[PDB]
Amino acid sequence: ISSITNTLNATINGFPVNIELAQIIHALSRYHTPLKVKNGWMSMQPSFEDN
Amino acid sequence: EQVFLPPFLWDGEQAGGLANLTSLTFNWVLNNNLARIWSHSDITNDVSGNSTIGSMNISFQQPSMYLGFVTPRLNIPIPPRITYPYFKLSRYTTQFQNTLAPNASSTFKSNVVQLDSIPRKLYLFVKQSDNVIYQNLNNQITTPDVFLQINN
Amino acid sequence: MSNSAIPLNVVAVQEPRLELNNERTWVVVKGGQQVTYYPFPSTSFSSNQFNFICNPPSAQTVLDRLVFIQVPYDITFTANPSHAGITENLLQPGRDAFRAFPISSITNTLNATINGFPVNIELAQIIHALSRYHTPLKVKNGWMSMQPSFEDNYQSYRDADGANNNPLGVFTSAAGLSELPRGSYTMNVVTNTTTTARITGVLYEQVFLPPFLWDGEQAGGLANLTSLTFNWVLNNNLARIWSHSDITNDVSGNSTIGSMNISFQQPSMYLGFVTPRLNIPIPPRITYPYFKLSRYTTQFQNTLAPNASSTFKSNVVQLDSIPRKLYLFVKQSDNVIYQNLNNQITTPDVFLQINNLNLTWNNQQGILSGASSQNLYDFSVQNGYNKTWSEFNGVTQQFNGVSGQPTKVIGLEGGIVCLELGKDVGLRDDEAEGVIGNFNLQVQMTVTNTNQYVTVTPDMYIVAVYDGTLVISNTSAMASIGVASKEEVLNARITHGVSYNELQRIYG
Amino acid sequence: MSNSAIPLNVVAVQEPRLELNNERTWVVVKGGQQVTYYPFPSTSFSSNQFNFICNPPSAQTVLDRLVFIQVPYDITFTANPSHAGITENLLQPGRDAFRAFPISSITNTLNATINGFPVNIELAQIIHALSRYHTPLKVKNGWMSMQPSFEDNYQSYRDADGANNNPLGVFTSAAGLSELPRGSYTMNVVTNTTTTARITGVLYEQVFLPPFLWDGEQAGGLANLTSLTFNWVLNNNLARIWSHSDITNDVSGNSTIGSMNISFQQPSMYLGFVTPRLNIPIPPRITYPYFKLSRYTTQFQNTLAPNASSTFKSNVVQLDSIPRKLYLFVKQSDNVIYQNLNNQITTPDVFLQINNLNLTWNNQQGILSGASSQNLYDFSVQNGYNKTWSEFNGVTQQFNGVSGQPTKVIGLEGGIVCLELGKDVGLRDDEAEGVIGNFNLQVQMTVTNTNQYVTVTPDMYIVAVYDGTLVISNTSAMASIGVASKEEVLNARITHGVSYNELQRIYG
Amino acid sequence: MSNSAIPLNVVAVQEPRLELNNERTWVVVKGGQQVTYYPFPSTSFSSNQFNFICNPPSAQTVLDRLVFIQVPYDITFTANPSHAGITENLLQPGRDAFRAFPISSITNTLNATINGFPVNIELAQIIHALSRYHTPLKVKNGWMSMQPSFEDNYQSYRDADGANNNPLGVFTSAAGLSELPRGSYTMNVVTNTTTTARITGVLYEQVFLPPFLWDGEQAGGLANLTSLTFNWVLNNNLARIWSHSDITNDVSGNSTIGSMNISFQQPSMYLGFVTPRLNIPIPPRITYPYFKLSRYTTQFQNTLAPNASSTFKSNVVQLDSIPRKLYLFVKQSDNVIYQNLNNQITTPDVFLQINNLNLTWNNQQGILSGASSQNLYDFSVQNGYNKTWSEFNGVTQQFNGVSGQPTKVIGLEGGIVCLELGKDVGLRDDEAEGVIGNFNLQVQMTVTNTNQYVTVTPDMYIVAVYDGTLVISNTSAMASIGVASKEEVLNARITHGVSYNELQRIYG
Amino acid sequence: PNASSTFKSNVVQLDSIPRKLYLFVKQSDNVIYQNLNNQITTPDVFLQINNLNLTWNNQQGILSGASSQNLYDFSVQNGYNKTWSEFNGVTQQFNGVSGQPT
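Protein chains in written order, with PDB author numbering: chain E, 103 to 153; chain P, 205 to 356; chain Z, 1 to 508; chain A, 1 to 508; chain D, 1 to 508; chain S, 306 to 407.
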């Protein structure tokens, strides 16, 4: 889902905070999930990084 | 899929949740191709050129969102005003030419980018350019997301 | 004066020529010394993203409203195998120009943050509907002149040749003091032979999002910034930028032009800072108007043939405050137009003829269901629609003279109705364009495809526009929607001093 | 500021950018809930007149002032024996189209009755003169766009073809952002083959006559009232609706088309009734602006041609007050131009060019006896004439190439002058725009015919337009012309509050 | 309302259809008793210079500021020996007409004198850049219509032919409702045959001055003066009135037209006089805005063509008082293009395109230096440039189909940057548009040659305009510049009462 | 081969006034590195400066008015050691034989 997302904006208590998901995630994804945590919440979406 | 971006988390370890809020709202917006959802492997691609798949159609139905409100015990009171650690991430891309093939080297430099405070950390890498590979359902489906090898 | 049904009050004005008497006062216009322009070559500019980060030299300088980014570029075409030849040379005088407007129609998003607090438009879609809706031959020739700007009439370019009004025309063939067609832009052609072309130039796109203003009106500039930034991300496809025609392309669907490679060169934003003079001081805080615009779309999967009707139920949506206004139209659905290079350069973005629009607001339903197909046009021209009803209908006949051929019917374009929320919707008392919040809207609307040649698989849109103050203190950036309140909106004493036409004039 | 002959009072304004400090007031727009529309169909429509009895939904429900009607029609033609004709289809590609504006041009009279009290205008001959007069391109592309809207430039169709501004010419071939010629109008053509043709579609029209507004600006809608009614009593001819160029008919004028017949299907008016919100109350009785049109005419026996001079004398009349505006001109004679169908079809609107006009007010002679024609034009333009001087007094030479062909002159329509009877004529003291009455007038004016191939028996016209306030009440409607008593007109105290150019704005 | 950081005060506004009720007044409009017009046949006139003297009937009789003079003439062309060939007539249907504005571009210097005191405009060089500047489509179509009007857009006549908009074209071939080409104006031809041409008719042209106004917005009229005289003088060659094209003139040879000759009769000014009604008296002495325009020019003999830029610098000049604005431009040089008939007739009036400006001001250097040329445009349009960004900024490419032609480039005139002085320069504190005394400024900028056919030797101008008050009294004419005292200007009160864009209408 | 253009640099803040400062346009580095042929056979030289205008802090237009030849005058004074002819470099030698361009 997120590899298709352009941007994801959320606003909390009236003030906005945004990321840019499409670009960041694959690079952000390798840090810094120990094995235990790739089996953790990561588990819900497909997660095997393209080696 | 998990909502990413701080202060919302996606890791081992829990932390003290936001309160006291009055509002929240989560707007997505997804870039236009939607063919990047699926993958492919080009072994099955025809020998001369072409692919079996072209073309594909993607839907979505109303998507719910799941969150958990924990009210707290009357006796223990929670502060009127309170502070959370929040990070804020930014990207800067710069395409370079010419292309290198099939396995040769070159060097690249970037124009000075000036920031407003020392960042916590700074990632760097060299990805296969997006301007290419957004041609064709086929290319978009087949190609992997891995970077190029930094030799220095 | 009296001696009418109720006695009225007298006053007398003088003819223009007389009136030599009245108190005449010399006026000194003072504007703080040092109005100046700096350019900020974008850091980190790439096909996918532009990004400028600029800082005002000092506090106490007001930033002028009009901002724009000039982006020099490079395109290369190539002859597709192999319907061709293919004579004579891809590029023709009638057949191909920039789309209008070339850079903004390619931007997926324009995020831009003042003093820390982020603001953004979803430029890509919004622009083409919002271009028609404000401005008059006057503005058109003012600032809106810098990008290619003659917006498309004809339902498919193919037939459009060769006419005075055809949008991809040369500078010759455009009557004096009119919107010159899009081919009238200048980019040098380094080469155009058969089988290969390559052009080069520099094109300006002014950045749309409010507070920054495109319309020719001016107004206070937002001092006092401490930091500022602009960023755009561009829809990857990027072939859209060029607008081509079908007449040369021919019987087998296959197109002369496919394909092409666009590059860019490091562009610069160009914004300029007045710095006020020590005599007059400015306030420590201030408040500006701002308009968050946002779009919802529903995309259908049925398809109607050339000259055929149908209905489309909207798909529901919850809003946050009653918008200031709300436009509606149904377009050619991109989901299909994007696949294939030929199909995205040769298809013009023009809409579909709206027969009846019946929409639902805030629990009651069935508003306007009795209005004329044409009536929709009249309460929208009230808002400045600026295109004749003949073209809004829109369809055309043109009978031939010679035995004994059929006459050719031309699709011309579509209506895009917009109904101001207080004006033609009506809101139960205690409601006004500010006030929050939580209501719902769903537009059930019947339509007809006019275009002869292709099956338009359709789609809907609705571009809302909210009304909110934005307060800028240094350092802060509060933003609001719902400045008025429930007790506040009711029982607010009316003012005759203004001046209603005036409210139309401050556009957002 | 001081130091300048007599010392003057200094002020200083801020520049537009730097105008950052002043009081800002969030200004909430209220417009009562329930704007809704209705389509009353007319039982008792026929070939001879249309009738609409309809009524407001209730009292306390403001009727919106713009009102229009749409009618579906049906026409057939049939080729004329004998002609050394013809080839190869009757309806030609750019030679024929509706006279503009169509329905309102064939209406002998129109008559409305607001709340019992009848108001009526003479549509046939009052329209063409009034229409030229207050329409910037801005207003021309607004509401008027509905019914065919391009006025006749050329003195005779036969010359027009094929021009860039040819009045009756196809949609393609008119410049971008401008008035489309009348050939653009959408209608379904069943046939068009040689010897016959049959066309059919729906075509719009607006109600004219005040308080209903043809011009686009919008103001307080006239209500409360109990019953409303219209009667478009047409004229006997009906074949006049169509226009067709002389070019095709051959030898002695044997128009191919003769002869045609029309038809009609149930018509239908359209009005919109907003209802006001509960808090703010409307009053019991209010007072409206209110005009009245009237035309005096005189027929002459002699005839001048092809381009000889002459002169004419008005013919003494009385008017009950001094009217607000006057229009003057010498269009073609209606006694002729009706008999014989082909002739009736071909003749264009345009007037004979005015060379010198010298007029009588009451007991004042030669009110303007020494003004150059340029002088006459200038004031009409100041009033709002909206045509280039070269088109006024129209005669354009056009050089010829090739040895040795003589240079062919073109006729281009005459001028229609107007005096605004306070500013231009000059009124004697104590007497104002309103006051009644009994004043004498007659106008003598030298014209020159300019047409090339027809001999015109001229005819003079004057259109007086009175001002006055009408009080609509529940339920009886008073009216007045000349509300200001003679004395209250003199010794009224001038007000620099409002500018004159604001009054320029109010009426059509 | 009080929802923001600072509570901001509320007001409600009644939406336009429900504007009622509010107290309404009947307004009586009072013009002066007698309004008149008379021609003044120039009391003395000849070949190289003519003039009028036309005293007002009495003091106590206001006069219309809108003035104009009508001049009847005779031109006859002889066929030049011996350009080879010559078949086809001497005049062509699309290839020649009067240069616009015909009798203004002849005039060396207008000169009036109000009431014993002299005011003067040098008219020839000044008019072509001033005229670009303030006309929109309403105005270009009003009074400004009388003389041939259409400014010259194509950088070089020859290639213009034959576009719909071609500067010189006939009335047919102009778009419906828009500025018509120069060939539309009526001049009767007594004879046009190869070898010889003779043509004869009247032509109107206003007095362009201050006080007297050329734009419509009406303003108060000159009372109470005793003497008025106008003086004119013709810039020598005078063949310049006419225009032409290269296409007809033939290969490595000479034009066919040279030489011609001209001739006038007695031309007559046209003044209006309104004598005000007995009720309201006119004040003993009265004060009028009065702007005077200068020009400062520079020649540098060297040459560049067809397209390579260099820098030119303008000799430092002094001003007596910060002028209210100043224009800058480069253009073809006057010293050439005066010698030789061909050179005089067929070379259009247009400007090289400005690549970037870099003026200095007392002393500084460089204001406006670092702004993209693009940027000069969009800050000039703010003062009313009125020409598409592409018309400004010179050339536009154009490709053809057929292998292998070269792709033809077209030059089409470069803009003229104009900057208001408070608005865009910024003055050091306590100097404002009136203030005296001493300053000097030298603009220096770079410009690239646009057109393809000839080498352009250039020149550049600087037209400064001074704004002050003039006191027409009885009897005198003290004229004041430097109305605001410097200390005075420092501490003048700021009123939000009068909006700024309001002061953009006063012009002059 | 010999067109004229304009450029700019992103703003770059400094932490102090520097004693000296050197501006020059080089044949860009990135294009010379690829390829053996190119790396060896390209001399390291600069393009002729038609005009230089720069802005000191929050101040603009400096040195804009001075002729490019003036740039030389105050820089040789700094110690430039190279004939004006080579600065702004381009030279014309004409050959003497008919049917030949210089």
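Be aware that a few hints might be false.
Below, in silico cross-link-like pairs of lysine-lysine (DSSO-like), each with a Cα-Cα straight-line distance of 27 Å or less [claimed, not checked]:
id: 1; chain 1: D; residue 1: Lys138; chain 2: Z; residue 2: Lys140
id: 2; chain 1: S; residue 1: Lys325; chain 2: S; residue 2: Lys387
id: 3; chain 1: S; residue 1: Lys387; chain 2: S; residue 2: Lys331
id: 4; chain 1: A; residue 1: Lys140; chain 2: D; residue 2: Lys408
To be clear, the hints were calculated from the coordinates, so they are not data collected in a lab.
Right, here's what the structure says about each hint:
1. D:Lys138 - Z:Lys140: 15 Å, holds
2. S:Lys325 - S:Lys387: 19 Å, holds
3. S:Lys387 - S:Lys331: At roughly 18 Å apart (the allowed maximum being 27 Å), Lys331 (chain S) and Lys387 (chain S) satisfy the hint.
4. A:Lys140 - D:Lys408: It is violated: about 38 Å lies between the C-alpha atoms, which goes past 27 Å.
When held up to the earlier numbered hints, the structure conflicts with hint 4 and nothing else.
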